[PDB]
Structures are given as C-alpha cells and as structure tokens.
Amino acid sequence: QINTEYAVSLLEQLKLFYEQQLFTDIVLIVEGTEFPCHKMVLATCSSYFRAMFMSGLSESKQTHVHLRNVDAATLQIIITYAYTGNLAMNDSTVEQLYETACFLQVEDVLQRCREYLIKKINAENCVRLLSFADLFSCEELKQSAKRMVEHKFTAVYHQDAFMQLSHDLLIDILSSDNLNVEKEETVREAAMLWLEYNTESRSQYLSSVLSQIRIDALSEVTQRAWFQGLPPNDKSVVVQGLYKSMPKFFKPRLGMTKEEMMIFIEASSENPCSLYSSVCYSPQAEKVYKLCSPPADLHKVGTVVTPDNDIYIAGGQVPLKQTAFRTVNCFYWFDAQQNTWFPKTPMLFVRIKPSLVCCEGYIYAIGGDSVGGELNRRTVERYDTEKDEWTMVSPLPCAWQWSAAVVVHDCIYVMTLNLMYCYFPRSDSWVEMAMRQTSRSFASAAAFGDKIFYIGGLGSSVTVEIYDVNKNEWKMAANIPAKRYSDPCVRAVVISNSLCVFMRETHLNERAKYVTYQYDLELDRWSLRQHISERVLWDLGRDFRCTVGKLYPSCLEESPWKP
Amino acid sequence: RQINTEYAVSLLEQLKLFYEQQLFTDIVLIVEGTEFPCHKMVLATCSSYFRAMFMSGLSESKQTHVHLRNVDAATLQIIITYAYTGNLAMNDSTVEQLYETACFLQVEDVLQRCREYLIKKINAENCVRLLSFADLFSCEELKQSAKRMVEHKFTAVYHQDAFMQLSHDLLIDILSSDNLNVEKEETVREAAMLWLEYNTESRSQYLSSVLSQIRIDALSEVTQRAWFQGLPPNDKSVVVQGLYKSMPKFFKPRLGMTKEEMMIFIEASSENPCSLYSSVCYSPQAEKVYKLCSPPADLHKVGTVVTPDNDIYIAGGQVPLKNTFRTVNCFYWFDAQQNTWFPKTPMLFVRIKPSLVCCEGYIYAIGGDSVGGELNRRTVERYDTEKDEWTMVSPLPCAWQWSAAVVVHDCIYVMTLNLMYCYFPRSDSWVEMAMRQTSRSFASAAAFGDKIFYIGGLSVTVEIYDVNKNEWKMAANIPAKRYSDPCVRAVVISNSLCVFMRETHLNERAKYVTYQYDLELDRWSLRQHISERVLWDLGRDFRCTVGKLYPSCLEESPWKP
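Line by line, the protein sequences give chains B and A.
Here the first sequence stands for residues 8 to 328, 341 to 477, 494 to 598, numbered as in the entry's author numbering.
Here the second sequence stands for residues 7 to 330, 344 to 477, 496 to 598, numbered as in the entry's author numbering.
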C-alpha cells in the first residue's frame with residue numbers, strides 16, 4: 008500500500024505552501040478577491056480545472072483567470088478542502104456548496120454534500136430540496152425527495168415553494184402512486200390552488216394536470232371554478248374539457264389503504280435460525296402481515312406512533328461480536356411504504372426498553388436503564404423532529420424501573436409501581452400526582468381521551500386502576516373476566532375510538548389463546564369485540580410490545596406460516 | 007487536520023498518474039542527456055535544495071530546462087519516484103551513490119532511510135569503506151558505528167585493501183582510540199607500518215605523526231631500522247624529530263589486552279523480585295562474578311553460541327504476552356564494549372531454546388521447537404554471518420527433543436538420547452554415526468579437542502566419543518555426594534577439559550565447584566571451589582558457555598557474601 012506517513016507529510020507541506028504562498032503561479036480572480044493557489048491541487052480535486060489548464064486554450068499560459076458565476080466563501084472552502092481534506096459543512100451553505108461543486112465538477116465534495124442532504128431531508132425543506140434536485144441532476148436526491156415530498160406534502164400540502172415548481176415535476180408528483188392521502192379530494196384542491204397561482208401561465212398545463220387525476224373529480228365541482236378563472240372568450244378550453252374526460256378510468260390510489268392495525272415487535276421467530284421477529288395483526292382483514300426485522304435485530308427497544316402516524320425506534324441492544344449483548348443508542352425510523360428502517364440521528368446515552376412518547380412533535384424517551392447511573396440516573400431527553408437533534412429535559416425527580424409513560428393534555432405522564440409525576444413541557448418541571456393504592460409493575464397504559472387506564476401489573496393480573504386528569508384521582512372500575520388458573524398477558528391500546536385490550540391467556544398444559552375485548556367506558560365492562568382464531572396468529576412470546584398505528588396492506592406481504 | 011483516509015492516498019495516486027502521463031509538468035531535469043519531466047511542488051516538498059532552486063530569485067528559477075550535473079540518472083529517477091509514491095525500494099549495491107545524491111539534493115527523509123540501511127549493514131567488509139564514505143559526507147551516527155565496527159574487526163584483520171586509502175584524520179582517530187580489540191601491541195605497529203610502506207615519501211609528515219601515535223611500546227622495537235632502510239636521502243631533521251618520540255606522550259596500557267577467558271551465564275536467580283532471570287558471568291582467574299544486561303530484558307529461554315572470533319549471539323526465546344509466554348524468533352548480538360545488544364536479522368520460525376552451532380563462519384541452529392506442526396518435524400535452519408541471511412539446509416533425519424549439538428573438526432555433530440548424526444557442510448547431508456548404549460536426555464555435550472564429552476543425563498554418565506575412532510566409551514564417575522542431583526556443565530577452559538557442577542541435597546544449600554579432568558587419568562582433580570561469598574545461587578535452567586569479555590566495560594554484580 009501507499010505509505011500514509013509520506014502522504015500526510017506531503018499534504019501538510021502543500022498546505023503550508025498554500026498558506027505561505029511560495030509556489031503559487033495561478034490566481035483565481037472572483038469578484039475582486041485574490042485566490043493564489045496551484046494547478047496540481049486544482050487538477051487533482053476538480054475535474055473542471057484539469058480541463059481549464061491542460062486544454063491548450065488561452066488560459067493555459069495566462070496566469071490570471073476571472074472565474075465568474077461563483078461565490079467567494081464557497082470557492083475558499085473548496086480550495087481549503089482540496090488542500091487539507093477538511094470539509095466543514097453547516098446547515099445553510101450546503102446549497103451554494105452543491106452549486107459550486109456541480110459547476111466545478113468535483114466528485115468528492117459532490118458526494119459529501121449529497122450525503123449531507125440525504126441526511127438533512129425533512130418536512131420544511133422537502134419541496135425546496137426536490138426543486139434543487141430537479142435543477143441539478145441527482146437521481147439519489149431526486150428519489151429520496153420524491154418519497155419524502157410525497158408523504159409529508161400529501162400530509163401537509165401548504166408549502167410556499169410548492170407554487171414555484173416546474174410542470175414536469177408536478178406531473179411526476181401528482182401522477183405517482185406513492186401519495187399518502189386519506190382522500191382523493193385534497194390532491195384535487197392542491198392542484199386547483201397550484202393552477203390558480205397564475206392564469207395564463209397555467210392554461211397550457213391545465214390540460215395535462217387533469218390528465219393525471221382520476222375522472223371521479225373531473226366531472227364534479229371544481230370545473231365551473233376553472234371556467235370562472237378562464238381567460239375571456241377562450242373557446243379552446245371549455246369545450247375541450249367538456250368532451251375530454253372519456254379516458255383515465257377511475258383507479259383508487261394507494262394513500263386510501265391505511266387501516267388501524269396493531270403493530271407487534273420482538274415476536275417469537277417462526278424459524279429457529281433467528282431470535283425474534285416483528286409481525287402485525289389486522290383487526291379488519293383478520294390476517295397477520297409480516298413486518299421487517301428490527302435494524303440489526305435490535306432487541307429491547309421502544310415504539311411510538313406520532314399523531315402524524317409515524318413509527319420510530321430508540322435504544323435497544325445488539326449481540327456483541341452463551342450470553343453476549345451490548346447496548347447501543349442508535350435511532351431508526353420506519354418507512355411505511357418501502358418496508359425498511361431508515362437510520363436517524365442516534366441518541367446521547369444507550370437505553371434498554373425505553374418509553375417513547377410523542378408530544379408537541381417531540382419524541383420523549385423516559386428512562387430505560389441508562390449506562391451512566393450517576394445521581395441523575397433518571398435523566399430523560401426529547402428529540403427534535405424539525406432540526407433532527409436531541410435535547411435534554413428536566414430530570415425525573417425519582418428513579419424508577421420498569422415504568423410506562425403516556426401523553427395526555429399536552430403533558431407527559433410517566434407511571435411506576437405506585438408513584439406518578441406529570442411533566443410540563445411549557446415550564447420544564449415535574450409536579451406530584453395522585454398515589455396508587457396497589458403496588459403493581461410490568462404493565463402498560465393506554466391514553467384514551469383525557470383518562471389514563473393502567474391495565475394489569477404485578494405474571495400480570497386483571498386489576499384496572501383508572502386515573503382522571505381533570506379529577507386527579509385513581510379509581511377502580513372492574514376486573515377483566517378471564518379463565519382461572521391462567522396467566523393472561525394484558526396489552527392496553529386505543530382503537531376505533533374505544534379502549535380495547537389485547538390479552539393473551541395460557542391455561543395449564545394448554546397453548547396460548549389470543550382474544551381481544553372491548554371495554555365499555557360508561558358500563559365499566561369488557562365486552563367481547565372479536566376472538567382471534569389461532570389458524571392465523573401463532574405464539575408471539577412474552578417480551579413483545581403492541582402499539583396503535585396505520586399500515587398499507589399492499590406494500591406489506593402476508594407471512595407464510597402454518598396455523 | 008490531515009485526513010489520511012480519502013484525500014491523501016487519492017492525491018498521491020493522482021499526482022503519480024499525472025507524472026506518468028507527463029501532465030501539468032513545468033520543469034524538466036537534464037541529466038547527461040536524459041530528460042526527467044516533473045513538477046516543482048513535489049521537488050520543493052521532498053528536497054530541501056529544489057525549494058531554493060525554484061524559490062530563490064535567480065536565472066534558473068525562470069528556466070524551463072535546467073542542466074543538473076554531478077548526479078546519476080538512476081539515482082535521480084529513484085529519488086523522483088520515491089517523492090511521487092513514498093516507496094524507496096533500495097537495493098544493497100546502489101546505496102552509496104543514492105546517499106551521495108540525497109546529500110547533494112538535501113532530501114532529509116531518504117537521507118535518514120539510507121543512513122539507517124547503512125548502519126544496519128556494517129557486516130564484515132564494507133566497514134572501512136563505509137567509514138571512509140561517512141568521513142567524506144559527515145554522518146555522526148554512521149561515523150560512530152563504523153568506528154566501533156572497525157575497532158572490533160580491523161584489529162583482527164588489519165589487511166583490507168580499502169583500509170590503505172584513508173585520510174590522515176580518520177586514521178589518527180582510529181589508531182589513537184583506546185578501543186583497539188588487539189591482544190598484542192605489535193600487530194597495530196605492523197599495520198601502521200604497512201600503511202606507511204605502500205605510500206612512502208608522500209606521507210612522511212603523516213608517517214611521523216602515526217609513528218608518534220603508535221607510541222614507544224611499539225616504537226622501540228624495529229621501526230628505527232625499517233625507517234633507516236626506507237628513509238629518503240639527505241634527511242637529517244627527520245632523524246631529530248624521530249628520536250624525540252622515546253620519552254614523552256604518556257605510555258599507557260591498552261584495552262584489547264584484557265581479553266580474559268570467562269564464562270557467560272544466562273537465566274540466573276534474579277536478586278530483585280521484580281525481575282525473573284538475569285545473565286551474569288564468572289572469572290576463572292580473577293575469581294569474580296560479573297553481570298550482563300538482558301538482551302530483551304523480558305524474553306527468556308534463549309540459546310547461546312560463541313564463534314571462534316569470540317562473539318556472543320542470542321536466538322529464539324519466549325516472552326510473556328503481558329495481556330492486560345509467546346515465542347519470538349528475534350535475534351541479538353552482544354557488544355563487547357558498549358554492554359548492550361544490537362538486534363540482527365530475525366529467524367523464520369519461532370523456536371523454543373534453539374541450539375546454535377558455529378562452523379565455517381556460519382551459525383547453525385539445530386532443532387528447538389521450530390513450529391512443532393511441520394509436515395517434516397525434524398528440520399534445521401542456518402545463518403550467514405557474512406550475507407546476513409537465513410538459508411534452509413538439509414533437514415534432520417529424526418525428530419528429537421532436549422538434544423545437544425557441537426562442532427568438531429569443522430563438522431556438525433548433534434547428540435540426542437541415543438543417536439548421533441554428522442552433517443556435512445560441503446554436501447549438505449546427514450551421515451549415520453555410532454549409537455550410545457545408554458539412553459539419557461536433558462544433557463549437554465562439549466567439543467574439547469577431537470573428542471565429544473557427553474556428560475550427564477536422566496546423572497554422572499561420562500561417555501567419551503572420538504571422531505577418528507567412531508566409538509563410545511566410559512571413563513569414570515564424577516565424585517559427587519550421595520542423595521543429590523548434580524547439574525553438570527562441560528566446557529573448555531584454557532585448552533584444558535574441565536567441568537562446572539552444582540550439588541543439591543535435602544535441607545542443604547547449593548555448592549559451586551569446578552574440577553580439572555585429565556584424559557589419561559579419568560579423574561576430576563579439585564581445581565577450584567567457587568566460594569559462596571562471591572557467587573550466589575543460579576537456578577536450574579541456567580546455561581554456560583566459554584567466551585572472552587572486558588572487565589572495564591562490564592560491571593560487577595553486587596551481592597552480600
């Protein structure tokens with residue numbers, strides 16, 4: 008191999024020459040700023056300077072080149088990267104950095120900024136990044152922007168930059184089958200408002216934008232509104248659209264295929280070659296669709312589903328390369356369509372079984388057997404979904420183990436064996452709450468409306500303690516009627532605007548039975564909503580978690596397994 | 007920060023590619039008609055002369071073609087390719103010209119690399135040549151190393167052709183130094199004379215200077231008559247100046263005369279509990295116990311060998327892994356004056372307690388757990404003291420453990436439990452020899468005269502073998518106290534066969550005593566009893582070998598009687 012010591016010595020000597028200006032022969036003249044540099048470094052880094060000097064043109068012998076349509080700071084950072092390899096990339100100058108990299112055709116900085124932008128893609132810059140990837144040919148960025156823009160924009164459709172988009176880009180966006188919309192009318196009104204941004208600059212594109220939307224809205228309202236905005240005496244558009252909506256037979260999209268499903272993680276692996284797996288139950292389809300494995304079989308993790316219906320994974324441990344397990348603070352995000360886990364910004368401290376709770380767009384991970392264990396062994400930390408970073412919050416006053424947390428009334432409610440503390444995001448403080456009369460642990464709670472339903476606790496039992504936020508008191512309702520001499524595995528969840536329970540029971544010398552019940556809020560009784568047949572759902576285990584979310588049956592595949 | 011992962015390797019490789027394609031070049035070097043297009047930046051960053059060649063404002067700074075002379079084409083090409091790729095790939099022949107060109111071009115890195123290569127390759131013959139080379143081009147490290155090597159070897163050769171052509175200052179430094187490894191004072195006198203006989207009437211003043219340098223002890227023997235035979239005619243004041251060098255200039259004894267025949271011991275009972283083993287020495291005549299520095303200071307289970315030129319070598323050994344005994348094939352050599360250990364070319368197999376045998380100037384390592392898992396478990400490997408390399412030879416006939424090997428009549432002899440094979444260096448083959456009637460192991464043999472004396476084994498078995506007769510016979514039993522396990526050590530002392538044995542009983546202290554053995558008497562006469570007031574306990578795995586050492590360079594071992 009090439010001697011790295013001599014390579015770094017040569018590089019540092021060249022950078023010293025650059026700083027001291029000894030062997031510089033070519034100077035870059037940009038907006039009156041002198042940039043003394045060498046030809047060898049520029050040729051090695053950029054693919055434009057190699058065609059600027061070794062070309063035989065008038066600049067081959069000229070020692071002063073007036074490089075135009077560039078920026079001084081961008082050129083300076085590119086030159087210093089070419090001379091030392093350090094590329095300091097902030098969150099603002101990456102746009103002009105990519106512009107100058109494309110202008111100068113430098114592959115290394117182009118790849119680096121492409122990776123930075125593939126990491127930086129978020130909701131508030133999705134349309135801007137897609138427009139940037141349309142301006143400069145970049146297929147990876149274009150595809151990532153396609154996916155993220157489709158999802159987040161069809162969720163939001165309010166960005167100001169969406170109005171200033173090319174016709175081809177909008178045709179690609181609207182005609183795609185990856186849009187995430189609960190209805191087919193929101194895309195219609197989004198297209199209408201985009202068209203009405205201008206009057207005559209969009210008339211020619213009117214015949215094309217309607218060609219990608221289904222005819223179910225091409226004969227109903229929002230056709231006379233276009234006639235109102237039609238240019239005067241234009242008889243080539245009204246009669247055109249009058250007899251035009253014959254083709255494009257109505258085909259349902261993919262965004263209207265989200266159903267309230269119970270996502271399960273760390274289920275019992277069917278094949279003994281793997282430790283655990285992830286499955287999902289369909290309360291409506293009455294089937295069990297398989298889910299992608301956790302990233303690097305990440306066990307002992309926590310789940311959260313934001314009001315925007317997004318799944319996240321935090322904490323967990325990976326078997327170190341017989342008992343062998345090491346805890347890692349890696350963070351991941353689940354793609355609802357690609358059926359894969361996209362990595363995100365990792366946490367600061369590793370966790371085991373963390374309680375992920377979403378509130379005000381922030382992901383809160385409370386506790387989880389942190390590595391530190393100092394006097395603040397109860398330190399909790401939130402995540403920024405806008406800036407893609409983690410921020411510490413007010414620590415929990417008391418150290419708790421095997422706890423659960425929910426969000427009610429824009430506040431974080433973490434529950435332990437007998438104590439409860441409410442966190443105020445506005446003031447970053449903890450307030451003492453009501454005290455339970457029973458010592459129970461290893462249970463889960465579901466936030467339904469303005470009440471907290473702590474179900475089960477210790494196997495578990497059928498004890499239920501209902502807490503009211505407005506009343507600040509713990510009261511008993513009833514006990515779930517289950518078979519005696521059994522060990523039910525209770526799982527509290529909210530579904531169909533009602534509090535249902537996923538309770539798996541096992542009898543003596545008998546296999547586990549799956550059945551869910553609907554708890555009557557006013558009657559204080561668990562009614563049999565549906566019985567899960569064992570012909571579709573097999574054993575899941577004991578350390579499995581359940582959460583409420585929506586998934587697409589089309590993108591996912593049915594799990595092939597014998598009843 | 008110098009990021010070595012992406013840019014450094016890529017930048018260096020692209021610069022090399024640009025050099026290959028003759029791209030972006032602006033300076034070309036003319037060397038006796040050969041053209042070397044290159045770049046100014048690489049020459050500036052590598053050589054400390056090209057930076058002044060292209061930066062200092064003169065007529066050659068703005069000069070597309072430069073005619074650089076007094077430089078070899080191949081050396082400049084290899085320097086340029088080293089600057090463009092970082093790899094030197096130096097041979098053993100073009101080192102002198104490469105170093106000369108590096109010194110002319112002031113390229114510090116390649117200068118240091120060549121200095122290390124030259125200081126590692128002062129083997130046997132280029133010592134005076136590279137000493138003169140270092141005198142021409144000032145190099146303190148090379149100068150000192152070559153001076154020590156010359157003081158060690160030229161004092162035994164003093165006939166090298168290159169030694170005749172030396173500058174006066176270097177010769178004065180060599181001769182006036184008190185590091186001459188000569189047991190007699192006339193050899194240096196005749197060396198100086200022969201250095202002043204081939205070049206006479208040209209260095210007459212330097213002749214007088216060297217005459218004064220050699221001093222009275224050798225000046226009063228023959229030099230006057232030889233000079234009278236060889237003096238130029240009509241020289242009178244030269245007689246006056248030569249007659250003056252009889253009384254003055256501090257006649258003092260030399261250092262090479264102190265070649266006392268002693269015994270080098272390894273793996274002794276360390277005094278400080280922090281250390282495990284130590285290497286010490288014993289003086290048969292001075293009746294003193296000297297110490298030596300451990301070669302690795304941490305590795306043990308080494309083997310010793312002594313060449314006829316009184317040199318000490320250490321090969322193989324095992325060292326603890328120091329995790330939070345691994346075998347190492349390293350090699351070392353003991354300095355007779357610096358009391359240190361300079362490493363040499365390592366072996367190819369990690370041996371445990373190798374048996375090194377010297378013959379025909381070559382070091383032969385026989386057995387000693389080569390790798391253990393060999394397809395042919397019975398193999399050997401020798402050493403070249405001149406070429407400094409390891410050469411594979413014909414393997415062992417049979418696989419043996421705890422064996423011993425000696426050299427007799429320029430022939431390799433290895434002894435095992437009951438078998439013995441003679442290895443012919445000329446034909447590189449093993450010939451079957453006589454078989455012992457007694458099966459004894461864990462013993463060593465001594466090569467005294469033309470007879471091999473295999474002593475001990477499990496005892497006091499004295500089996501004498503003769504090469505000319507090819508037979509094994511018994512002589513007697515060494516007188517040792519009963520209820521004891523003697524530790525026998527057979528070695529040559531002052532051209533007389535003697536033994537060094539220690540007896541240990543129950544609830545009794547060890548006693549050290551050496552006896553004088555006679556060939557025709559078959560008796561070990563009491564020669565000298567080693568008093569415990571000067572020598573302490575050694576141990577069980579200690580080894581003994583015969584060699585000459587310097588008392589002044591070494592240090593006495595402090596121990597309470």
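Hints were generated in silico from the structure; no laboratory data involved.
Note that CB positions come from ideal geometry on N, CA and C, so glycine has one too.
Accuracy of the hints is not assured; some may be wrong.
With the C-beta cut set under 7 Å, the calculated list includes, among others, these residues of chain B facing chain A [to be verified]: (1) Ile9; (2) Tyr13; (3) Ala14; (4) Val15; (5) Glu19; (6) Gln20; (7) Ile33; (8) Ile36; (9) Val37; (10) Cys44; (11) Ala50; (12) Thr51; (13) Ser54; (14) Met61; (15) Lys68; (16) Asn93.
Using 20 Å as the maximum straight-line C-alpha spacing, the simulated PhoX-like pairs for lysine-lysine come out as follows [as the list claims (entries may be wrong)]: (17) B:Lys297 - B:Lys22; (18) A:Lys297 - A:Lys22; (19) A:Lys159 - B:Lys46; (20) A:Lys406 - A:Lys127; (21) A:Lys548 - A:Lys470; (22) A:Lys470 - A:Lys506; (23) B:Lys46 - A:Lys68; (24) A:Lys68 - B:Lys68; (25) B:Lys22 - A:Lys406; (26) A:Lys265 - A:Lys159; (27) A:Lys149 - A:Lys126; (28) B:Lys297 - B:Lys127.
Checklist entry - Taking the least C-beta to C-beta distance, is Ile33 (chain B) closer than 7 Å to chain A? => result Hint violated; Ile33 (chain B) Cβ to chain A Cβ min 11 Å, cut 7 Å.
Item to check | Interface restraint verdict for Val37 (chain B) against chain A (beta-carbon cut-off 7 Å) | outcome: violated (22 Å)
Checklist entry - Quick one, are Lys265 (chain A) and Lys159 (chain A) close enough, alpha carbons at most 20 Å? => result Holds - the C-alpha atoms of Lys159 (chain A) and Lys265 (chain A) are around 15 Å apart, at most 20 Å.
Next on the checklist: Please verify whether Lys149 (chain A) and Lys126 (chain A) have alpha carbons no more than 20 Å apart.
Outcome noted: Answer holds: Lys149 (chain A) to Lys126 (chain A) is near 13 Å, not above 20 Å.
Next on the checklist: Does the closest beta carbon of chain A sit nearer than 7 Å to the beta carbon of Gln20 (chain B)?
Outcome noted: holds (4 Å)
Checklist entry - Do the numbers back the hint for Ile9 (chain B), that is, is its least Cβ distance to chain A under 7 Å? => result Holds, because the Cβ-Cβ distance from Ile9 (chain B) to chain A comes to roughly 5 Å (cut-off 7 Å).
Item to check | Status of the hint placing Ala50 (chain B) at chain A (closest C-beta pair under 7 Å) | outcome: Nearest chain A Cβ about 6 Å off; hint holds.
Next on the checklist: Just to be careful, I want the Cα atoms of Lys297 (chain B) and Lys127 (chain B) compared with a cutoff of 20 Å; is the pair within it?
Outcome noted: Violated - the C-alpha atoms of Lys127 (chain B) and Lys297 (chain B) are around 30 Å apart, more than 20 Å.
Next on the checklist: Check whether the Cα positions of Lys297 (chain A) and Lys22 (chain A) lie no farther apart than 20 Å.
Outcome noted: Distance of about 55 Å is beyond 20 Å: violated.
Checklist entry - Is the straight-line distance between the alpha-carbon of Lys548 (chain A) and that of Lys470 (chain A) 20 Å or less? => result violated (28 Å)
Next on the checklist: Check the hint pairing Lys470 (chain A) with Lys506 (chain A) against an upper bound of 20 Å on the C-alpha distance.
Outcome noted: Holds, because 10 Å separates the two Cα atoms, which is no more than 20 Å.
Next on the checklist: Checking hints one by one. Is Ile36 (chain B) an interface residue toward chain A, by the C-beta closer than 7 Å rule?
Outcome noted: violated (20 Å)
Checked against the numbered hints listed earlier, the structure breaks hints 7, 8, 9, 10, 13, 15, 17, 18, 19, 21, 25, 28; every other hint is satisfied.
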